[PDB]
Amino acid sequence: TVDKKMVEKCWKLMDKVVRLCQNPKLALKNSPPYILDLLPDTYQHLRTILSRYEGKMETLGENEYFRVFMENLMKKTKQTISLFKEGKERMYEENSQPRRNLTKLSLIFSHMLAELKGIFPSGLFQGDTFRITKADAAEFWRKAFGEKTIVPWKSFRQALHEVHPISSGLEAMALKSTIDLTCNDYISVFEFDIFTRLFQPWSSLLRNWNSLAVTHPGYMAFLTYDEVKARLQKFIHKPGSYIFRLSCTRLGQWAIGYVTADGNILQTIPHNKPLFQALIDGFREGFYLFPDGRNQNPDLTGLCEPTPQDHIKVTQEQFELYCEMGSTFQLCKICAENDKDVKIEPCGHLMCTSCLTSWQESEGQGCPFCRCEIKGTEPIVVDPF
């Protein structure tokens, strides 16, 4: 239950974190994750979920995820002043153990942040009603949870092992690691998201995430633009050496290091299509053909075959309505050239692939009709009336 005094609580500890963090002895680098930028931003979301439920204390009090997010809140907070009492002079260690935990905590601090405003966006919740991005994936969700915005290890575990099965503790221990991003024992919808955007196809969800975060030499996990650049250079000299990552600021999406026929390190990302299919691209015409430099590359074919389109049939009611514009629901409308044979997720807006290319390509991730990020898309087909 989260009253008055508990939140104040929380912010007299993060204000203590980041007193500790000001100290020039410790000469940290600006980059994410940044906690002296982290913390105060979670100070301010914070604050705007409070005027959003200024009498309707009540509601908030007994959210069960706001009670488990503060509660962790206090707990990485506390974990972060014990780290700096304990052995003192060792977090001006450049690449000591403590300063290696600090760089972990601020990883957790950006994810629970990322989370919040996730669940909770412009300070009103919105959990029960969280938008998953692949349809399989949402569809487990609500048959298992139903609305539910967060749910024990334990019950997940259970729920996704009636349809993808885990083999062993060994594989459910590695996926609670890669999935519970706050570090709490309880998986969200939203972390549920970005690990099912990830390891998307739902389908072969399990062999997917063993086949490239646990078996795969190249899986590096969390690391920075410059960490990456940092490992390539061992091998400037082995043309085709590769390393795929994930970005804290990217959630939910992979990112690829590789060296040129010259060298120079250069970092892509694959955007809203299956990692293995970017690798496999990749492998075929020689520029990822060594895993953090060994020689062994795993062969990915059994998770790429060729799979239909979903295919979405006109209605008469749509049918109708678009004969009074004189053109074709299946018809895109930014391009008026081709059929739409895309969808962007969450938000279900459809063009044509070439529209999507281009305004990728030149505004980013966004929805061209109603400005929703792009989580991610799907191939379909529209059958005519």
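Heads up, when I say rigid core I mean the largest set of C-alphas that superpose within 1.5 Å between the two forms. Positions refer to the first chain, counted from 1. First, how it differs from the form deposited in another entry.
Once the two forms are fitted on their rigid core, between the two forms the CA displacement reaches 2 Å or more only for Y242 among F190, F199, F120, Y242. If you fit the rigid core between the two forms, you'll see the Cα of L73 move by less than 2 angstroms. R294 is among the residues whose C-alpha shifts by 2 Å or more between the two forms once the rigid core is aligned. Once the rigid core is overlaid between the two forms, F109 does not reach a Cα shift of 2 Å, moving by less than that.
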Second form
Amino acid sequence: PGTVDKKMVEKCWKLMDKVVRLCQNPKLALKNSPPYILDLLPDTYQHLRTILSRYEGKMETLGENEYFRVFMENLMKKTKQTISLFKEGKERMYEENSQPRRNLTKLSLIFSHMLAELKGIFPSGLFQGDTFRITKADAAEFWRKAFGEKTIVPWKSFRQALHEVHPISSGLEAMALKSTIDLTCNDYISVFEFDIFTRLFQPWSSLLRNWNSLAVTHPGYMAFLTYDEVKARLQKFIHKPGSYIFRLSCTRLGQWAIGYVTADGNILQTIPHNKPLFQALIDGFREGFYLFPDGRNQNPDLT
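Take the protein just shown as the form deposited in one PDB entry and give its structure as the form deposited in another entry.
There are no partners or other molecules in what follows, just the one chain.
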């Protein structure tokens, strides 16, 4: 990825400005629910303003930072992808449930994950990636042993290092793993993305078994789904209380969100606290709330 200079940031801001303008079309009927592109791109712009202001007179230093170069390349790529999506999707952009609109939702989620990562690595606008504090102690030991103080590593390097400690069974399993952990969809793994994955699929000691049980083979798991899409997907099960699905929370990254249909006819979403997801799903099944994953009659046995 090329060196970031002011001129590159200026170009990126112009591309983001074009996306924000496209997304103010009343035909789109965009909801303000997180992830909301008309909040995310302006917030990303403001945080980049902050970074640039902290590095006044240190732009050679900033422009050489490896994480920041990868981030800016990816932000430009994703913003161009969004502009192209509108150009190619034309009138299909305005149909809920069209593929182009699903793509725009997925891009909104990616912009949300990118902003969260940028704020995690550049809190207050200064680079602190090397000092990032990984949440799970056993995961932290892995990262520091394999990568030291690095903030970002290419997927190929991450895959190799992880396989030495937690063997990956197959090529297709590796691709599913990449799809799960590469939240910014840039073929790199940041220490921030690593922290999210190892919090979601803790304990480290059985990391990929947990992920296989909770995501790879579980019909309730929904990759890259938002709050409003969960509510929409459960609508068809409104007369089947106990139907449930679960996903990454977008606004509390590293935590799970479970959506479910109640016997009263509400579709509720809850973030488990003070219990791991395994126990939330087991207890919720036993107590009659989490019965039918994605509305299916059979539920995985996680005991």
